[PDB]
Amino acid sequence: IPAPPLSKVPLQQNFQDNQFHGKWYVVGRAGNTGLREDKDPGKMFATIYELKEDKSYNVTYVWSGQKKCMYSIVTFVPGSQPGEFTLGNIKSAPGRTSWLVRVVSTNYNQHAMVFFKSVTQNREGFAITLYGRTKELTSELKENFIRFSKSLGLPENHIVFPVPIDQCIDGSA
Amino acid sequence: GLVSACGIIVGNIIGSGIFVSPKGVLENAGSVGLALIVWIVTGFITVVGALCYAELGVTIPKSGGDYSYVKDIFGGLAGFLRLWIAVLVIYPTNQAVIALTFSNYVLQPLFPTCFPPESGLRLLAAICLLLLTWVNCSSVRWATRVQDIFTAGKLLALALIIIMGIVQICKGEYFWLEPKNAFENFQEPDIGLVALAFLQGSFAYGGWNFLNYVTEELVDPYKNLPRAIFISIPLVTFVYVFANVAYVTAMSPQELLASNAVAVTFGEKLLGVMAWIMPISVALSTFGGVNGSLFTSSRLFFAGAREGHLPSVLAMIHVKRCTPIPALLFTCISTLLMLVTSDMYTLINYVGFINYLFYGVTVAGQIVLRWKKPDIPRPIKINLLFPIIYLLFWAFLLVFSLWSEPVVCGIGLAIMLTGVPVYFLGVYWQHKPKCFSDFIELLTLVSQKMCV
Amino acid sequence: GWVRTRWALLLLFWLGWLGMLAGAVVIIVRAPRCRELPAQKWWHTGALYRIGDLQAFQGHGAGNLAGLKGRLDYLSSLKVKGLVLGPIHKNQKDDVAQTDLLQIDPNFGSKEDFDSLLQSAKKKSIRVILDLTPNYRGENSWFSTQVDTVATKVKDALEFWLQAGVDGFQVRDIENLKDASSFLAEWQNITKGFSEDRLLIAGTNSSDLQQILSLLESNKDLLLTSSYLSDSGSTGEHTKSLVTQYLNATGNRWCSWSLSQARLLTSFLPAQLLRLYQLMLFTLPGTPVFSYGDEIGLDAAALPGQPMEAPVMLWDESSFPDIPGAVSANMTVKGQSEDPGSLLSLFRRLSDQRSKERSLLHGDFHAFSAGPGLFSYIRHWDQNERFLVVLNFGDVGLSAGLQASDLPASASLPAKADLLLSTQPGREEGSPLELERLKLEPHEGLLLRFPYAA
Ligand SMILES: *[C@@H]1O[C@H](CO)[C@@H](O)[C@H](O)[C@H]1NC(C)=O
Ligand SMILES: *[C@@H]1O[C@H](CO)[C@@H](O)[C@H](O)[C@H]1NC(C)=O
Ligand SMILES: *[C@@H]1O[C@H](CO)[C@@H](O)[C@H](O)[C@H]1NC(C)=O
Ligand SMILES: *[C@@H]1O[C@H](CO)[C@@H](O)[C@H](O)[C@H]1NC(C)=O
Numbered sequence: 001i002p003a004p005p006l007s008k009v010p011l012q013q014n015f016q017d018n019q020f021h022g023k024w025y026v027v028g029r030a031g032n033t034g035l036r037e038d039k040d041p042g043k044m045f046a047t048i049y050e051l052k053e054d055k056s057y058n059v060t061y062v063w064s065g066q067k068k069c070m071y072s073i074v075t076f077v078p079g080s081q082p083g084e085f086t087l088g089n090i091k092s093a094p095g096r097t098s099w100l101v102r103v104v105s106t107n108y109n110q111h112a113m114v115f116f117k118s119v120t121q122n123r124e125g126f127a128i129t130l131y132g133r134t135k136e137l138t139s140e141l142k143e144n145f146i147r148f149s150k151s152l153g154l155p156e157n158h159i160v161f162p163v164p165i166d167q168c169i170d171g172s173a
Numbered sequence: 001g002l003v004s005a006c007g008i009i010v011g012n013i014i015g016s017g018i019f020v021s022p023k024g025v026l027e028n029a030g031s032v033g034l035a036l037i038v039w040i041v042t043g044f045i046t047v048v049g050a051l052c053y054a055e056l057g058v059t060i061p062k063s064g065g066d067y068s069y070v071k072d073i074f075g076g077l078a079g080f081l082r083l084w085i086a087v088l089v090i091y092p093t094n095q096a097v098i099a100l101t102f103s104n105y106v107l108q109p110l111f112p113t114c115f116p117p118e119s120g121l122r123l124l125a126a127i128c129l130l131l132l133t134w135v136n137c138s139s140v141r142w143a144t145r146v147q148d149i150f151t152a153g154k155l156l157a158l159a160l161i162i163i164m165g166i167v168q169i170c171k172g173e174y175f176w177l178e179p180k181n182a183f184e185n186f187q188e189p190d191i192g193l194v195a196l197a198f199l200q201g202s203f204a205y206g207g208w209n210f211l212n213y214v215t216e217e218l219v220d221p222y223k224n225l226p227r228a229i230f231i232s233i234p235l236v237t238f239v240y241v242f243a244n245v246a247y248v249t250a251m252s253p254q255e256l257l258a259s260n261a262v263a264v265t266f267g268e269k270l271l272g273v274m275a276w277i278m279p280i281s282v283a284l285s286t287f288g289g290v291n292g293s294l295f296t297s298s299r300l301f302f303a304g305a306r307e308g309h310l311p312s313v314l315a316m317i318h319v320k321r322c323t324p325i326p327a328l329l330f331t332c333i334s335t336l337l338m339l340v341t342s343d344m345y346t347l348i349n350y351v352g353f354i355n356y357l358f359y360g361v362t363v364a365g366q367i368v369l370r371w372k373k374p375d376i377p378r379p380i381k382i383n384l385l386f387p388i389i390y391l392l393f394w395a396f397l398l399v400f401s402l403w404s405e406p407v408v409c410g411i412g413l414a415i416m417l418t419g420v421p422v423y424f425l426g427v428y429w430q431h432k433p434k435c436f437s438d439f440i441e442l443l444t445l446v447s448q449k450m451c452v
Numbered sequence: 001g002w003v004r005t006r007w008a009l010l011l012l013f014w015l016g017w018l019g020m021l022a023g024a025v026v027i028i029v030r031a032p033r034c035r036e037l038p039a040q041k042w043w044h045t046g047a048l049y050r051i052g053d054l055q056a057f058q059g060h061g062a063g064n065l066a067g068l069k070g071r072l073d074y075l076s077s078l079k080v081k082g083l084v085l086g087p088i089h090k091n092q093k094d095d096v097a098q099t100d101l102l103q104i105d106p107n108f109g110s111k112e113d114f115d116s117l118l119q120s121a122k123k124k125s126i127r128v129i130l131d132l133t134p135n136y137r138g139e140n141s142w143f144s145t146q147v148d149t150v151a152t153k154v155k156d157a158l159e160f161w162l163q164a165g166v167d168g169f170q171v172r173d174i175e176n177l178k179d180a181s182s183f184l185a186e187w188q189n190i191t192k193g194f195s196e197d198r199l200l201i202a203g204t205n206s207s208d209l210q211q212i213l214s215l216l217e218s219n220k221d222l223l224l225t226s227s228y229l230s231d232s233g234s235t236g237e238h239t240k241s242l243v244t245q246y247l248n249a250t251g252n253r254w255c256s257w258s259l260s261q262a263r264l265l266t267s268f269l270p271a272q273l274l275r276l277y278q279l280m281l282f283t284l285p286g287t288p289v290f291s292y293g294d295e296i297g298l299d300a301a302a303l304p305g306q307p308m309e310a311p312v313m314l315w316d317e318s319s320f321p322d323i324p325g326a327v328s329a330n331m332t333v334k335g336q337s338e339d340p341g342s343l344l345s346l347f348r349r350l351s352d353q354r355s356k357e358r359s360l361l362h363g364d365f366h367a368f369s370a371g372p373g374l375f376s377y378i379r380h381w382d383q384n385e386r387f388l389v390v391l392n393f394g395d396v397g398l399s400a401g402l403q404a405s406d407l408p409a410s411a412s413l414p415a416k417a418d419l420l421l422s423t424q425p426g427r428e429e430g431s432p433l434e435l436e437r438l439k440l441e442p443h444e445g446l447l448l449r450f451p452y453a454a
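Chains as they are written, first to last, in this note's numbering: chain H, 1 to 173; chain Y, 1 to 452; chain G, 1 to 454.
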């Protein structure tokens with residue numbers, strides 16, 4: 001199960017960073033990470049992208065922990081392509097796992113599909129995510145996501161749709 | 001004797017140390033692989049040192065190997081220190097170590113899980129030592145007679161270890177021999193501990209510094225002696241490595257470090273009839289080792305007295321029995337005084353350090369004799385790489401031993417420095433000490449005449 | 001007297017030598033003989049590692065039994081003496097007719113893969129424990145539709161897999177099993193009858209001691225894992241009471257010191273108590289059972305979108321490539337393997353000590369009184385190295401205040417003892433301390449070592 005060629009994954013043309021900012025939900029996850037269709041998908045979490053004056057994104061993962069609403073913050077620096085990104089806080093140490101975030105296709109209104117890669121010294125991993133503005137997207141987008149994931153070689157079982165919980169990702173609790 | 005030479009060399013080198021050393025090396029090696037590497041390196045360095053000593057013997061043919069060489073070389077105060085340290089340190093401590101080994105092997109079956117009482121160990125060691133010194137004093141006939149049965153017991157123990165090791169490597173899966181869990185197992189290697197590992201491994205190789213010249217009788221010693229030295233020591237090293245792998249196959253390395261008698265536990269794990277074979281055979285081996293050490297120490301006392309450094313009180317053979325009773329009594333007293341250490345392996349370090357401290361000195365003397373006073377007829381010559389590499393290793397050993405365990409080694413150095421002044425008193429007296437010393441000596445001689 | 005003195009001294013020397021021999025024999029007979037070692041079954045040594053969901057444990061790995069052999073090197077690094085593979089047998093949710101306990105699920109692998117895995121584990125000295133819970137994909141582990149058929153198929157599967165070579169089994173969620181103790185006794189005695197080195201673990205969610213004791217009444221040689229210590233309590237006195245109550249009610253029989261059934265420590269415990277509870281579980285008298293990921297303190301709520309029941313094992317920062325930067329370096333196996341002070345390193349050290357020390361393996365356990373908030377006890381064998389563990393479950397720095405005279409004099413407390421390791425930094429290992437005035441930091445655990453008195 002090798003990493004796909006970067007050329008094969010599409011890119012979003014005329015990528016407008018201003019529109020992409022906001023709170024995306026995760027409505028599908030494809031990748032050889034350990035999750036399978038048969039088992040528990042998990043609890044849906046949200047990713048908040050805030051655009052900065054230097055065009056770098058501030059990314060906040062919010063999810064529901066044991067009892068605390070849990071948050072985590074990172075920063076994406078724009079890559080070579082307008083729609084590509086890389087994890088910020090780069091250091092010369094080879095131990096760091098370079099990241100190759102890449103937006104595959106989005107209408108900026110209700111859905112998006114993005115591709116992540118985590119090339120590492122001893123490992124090369126990738127994943128695809130179906131971001132959505134609402135808790136649940138229409139079935140057609142899920143079918144398109146499954147087709148695109150299968151294009152990269154991921155079996156059907158590797159694709160997972162987290163349960164749309166109504167606490168922390170949306171509201172308080 | 002083209003072939004018997006290898007036999008005599010192997011018999012002199014191979015002893016009971018293999019029954020006590022293996023816990024010492026591994027305990028400091030930290031892994032089975034490092035243990036076997038230490039054994040191999042010690043074997044090679046012993047080959048080098050024996051070769052240098054053979055060269056020195058051919059260049060300086062004189063009785064008292066390792067003493068005459070250090071006497072004719074370095075002038076005075078060097079050979080006297082060799083004799084002083086050999087009498088005070090090396091022989092009493094070798095006898096004490098072998099006696100403690102006998103006691104540990106005798107008592108291991110009775111207390112397999114927990115330390116036996118220290119008083120029991122010391123009493124059994126003293127019992128063995130006193131019986132052996134008595135049999136040596138009474139007559140040399142019995143001393144040479146019992147050596148056959150003791151050597152037979154030692155050979156039986158070694159042969160059974162080797163056989164039960166080769167059987168188990170086929171079916172025992174050799175879990176620890178393979179690199180799986182065979183390196184960096186107990187602790188990360190430390191050079192300070194590796195020096196102590198080499199000191200304890202060298203204890204297995206003994207009786208080559210002085211027994212490779214005093215005993216050689218070859219048809220063409222110049223032609224054959226280098227061959228014998230090069231072909232007898234390596235097979236001894238192979239035997240030691242085979243014994244170590246047999247131990248590690250029979251028992252886990254952790255189980256080997258908490259035994260105090262490696263062969264007893266080996267026989268327990270493998271031999272169904274264990275107690276009837278291993279402890280008794282090793283006890284015979286230790287008896288033979290102590291008896292041989294006693295005979296050799298008395299022989300050394302003979303030359304020590306003849307050279308005039310020692311008083312005539314010693315090295316006096318009894319008339320009815322042709323035995324050096326006064327020489328044996330002093331070694332017995334010194335060994336009994338050494339038997340209050342309570343540590344089987346501390347003594348090993350304490351002796352090995354001194355052994356190396358003088359082996360290196362002798363090799364340095366060889367180098368000096370090469371550089372200064374050359375052109376001497378040397379029937380067999382050695383490439384100057386071997387002595388210098390030996391010296392390099394010797395320096396490492398000493399430095400790191402002092403870095404790691406500066407107490408036992410320090411005490412040995414202090415003993416040597418305490419022996420240094422006596423030589424001046426012997427050589428030059430600013431004022432003759434006729435008030436006490438002479439009278440004391442006379443009284444001692446009189447008493448020796450009266451009771452012995 | 002000139003010649004008479006010679007013979008007199010010679011015979012006096014022989015008399016003294018014989019007196020020394022008699023004294024040696026007397027001392028040997030007076031010495032205390034070593035106590036026999038117990039029947040140390042393979043699971044009495046070291047911990048057990050419950051792998052649960054293999055697909056989650058391997059993460060980016062293959063996800064099948066054939067791919068599980070890659071991790072056996074890591075598990076050997078942990079020095080766990082056993083594995084509890086999740087239920088691999090083929091199962092249709094809530095269908096007793098369509099579930100078979102003798103067929104491996106196609107997704108998990110094939111029979112040949114399982115045989116190769118068992119061979120490799122045996123080569124590495126790891127022993128597999130196949131858990132045979134009939135309905136592991138359903139809401140209730142034991143089908144409600146039928147009872148007798150489920151037990152019959154479990155017995156048949158136990159026979160078949162014992163023939164295959166598994167070194168034991170495990171049965172979970174027994175609270176839902178009807179007529180549990182009888183079936184447990186039957187399965188346990190059949191498994192022991194096949195061979196002595198074969199354990200049957202039992203899992204319950206009950207936290208009441210009386211229910212556990214009733215379950216153990218029929219068979220006293222059954223390893224039971226239950227949520228008994230799961231209640232955090234947050235008081236050392238409470239945990240001390242739980243441990244002593246259980247040990248003295250069960251009769252000091254061998255027990256499994258697992259914090260739960262098929263759950264991680266991080267579900268019950270907060271982040272700051274993981275090291276303390278690891279020390280306690282590794283030093284208490286029994287066989288600690290750890291769910292996978294407990295060595296790195298894996299928490300299902302630490303990362304977004306991670307299943308609560310079966311969190312994905314974090315082997316490196318690329319374990320989740322969908323959330324860049326969320327998986328910090330120091331919450332992974334690779335990150336914590338390079339840190340001398342980390343939960344994984346502490347787990348490795350404690351497992352090593354548990355596996356090799358003859359006082360922790362099989363040794364008497366005696367807890368004694370400390371100022372309230374402290375759980376302090378001693379593990380000691382016969383004239384062997386003794387260990388003393390002092391745990392500060394409170395959140396306020398407390399003077400240890402050890403005062404233990406009720407303990408046997410054979411395990412008397414010396415004035416000083418080494419410091420084998422501390423859960424928190426700030427102390428020098430190997431330095432003897434003053435037990436009379438030993439200070440303890442909040443949420444700190446000290447493992448001290450002292451030798452046999454003589
Ligand atoms: C185990 O005990 C049960 C009790 O119901 C019995 O039926 C079965 O034969 C026993 N099996 C043994 C002792 O192997
Ligand atoms: C534990 O098992 C009992 C028995 O079926 C059940 O009633 C209960 O809901 C379970 N959960 C807890 C937390 O006790
Ligand atoms: C166990 O300990 C408790 C502590 O309260 C005590 O009441 C009980 O009698 C003890 N039982 C046994 C058998 O030791
Ligand atoms: C190390 O792990 C702890 C978890 O106890 C976490 O709080 C801390 O942030 C981690 N280190 C860094 C640099 O984030």
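Hints were generated in silico from the structure; no laboratory data involved. For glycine and all other residues, C-beta sits at the position ideal for the given N, C-alpha and C. Certain hints may be false.
Some chain Y residues near chain G, calculated using beta-carbon distances under 7 Å [unchecked claim]:
1) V10
2) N12
3) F111
4) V167
5) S252
6) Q254
7) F439
8) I440
9) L442
Comparing the hints with the structure gives:
At about 34 Å, the closest approach between the beta carbon of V10 (chain Y) and any beta carbon in chain G exceeds 7 Å, and the interface hint on this residue is violated. At its closest, the beta carbon of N12 (chain Y) sits 30 Å from a beta carbon of chain G; the interface hint therefore is violated under the 7 Å criterion. The criterion of a C-beta within 7 Å of any C-beta in chain G is met by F111 (chain Y), whose closest approach is roughly 6 Å, and the hint holds. The beta carbon of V167 (chain Y) comes no nearer than 21 Å to any beta carbon in chain G, farther than 7 Å, and the hint placing it at the interface is violated.
Checking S252 (chain Y) against chain G by beta carbon gives a least distance of about 9 Å; that is not within 7 Å, so the hint is violated. With 7 Å as the threshold, the beta carbon of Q254 (chain Y) comes within range of chain G, its nearest partner Cβ sitting at about 5 Å, so the hint holds. Interface restraint check: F439 (chain Y) against chain G, minimum CB-CB distance 23 Å, threshold 7 Å, status violated. With 7 Å as the threshold, the beta carbon of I440 (chain Y) stays out of range of chain G, its nearest partner Cβ sitting at about 22 Å, so the hint is violated.
At about 20 Å, the closest approach between the beta carbon of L442 (chain Y) and any beta carbon in chain G exceeds 7 Å, and the interface hint on this residue is violated.
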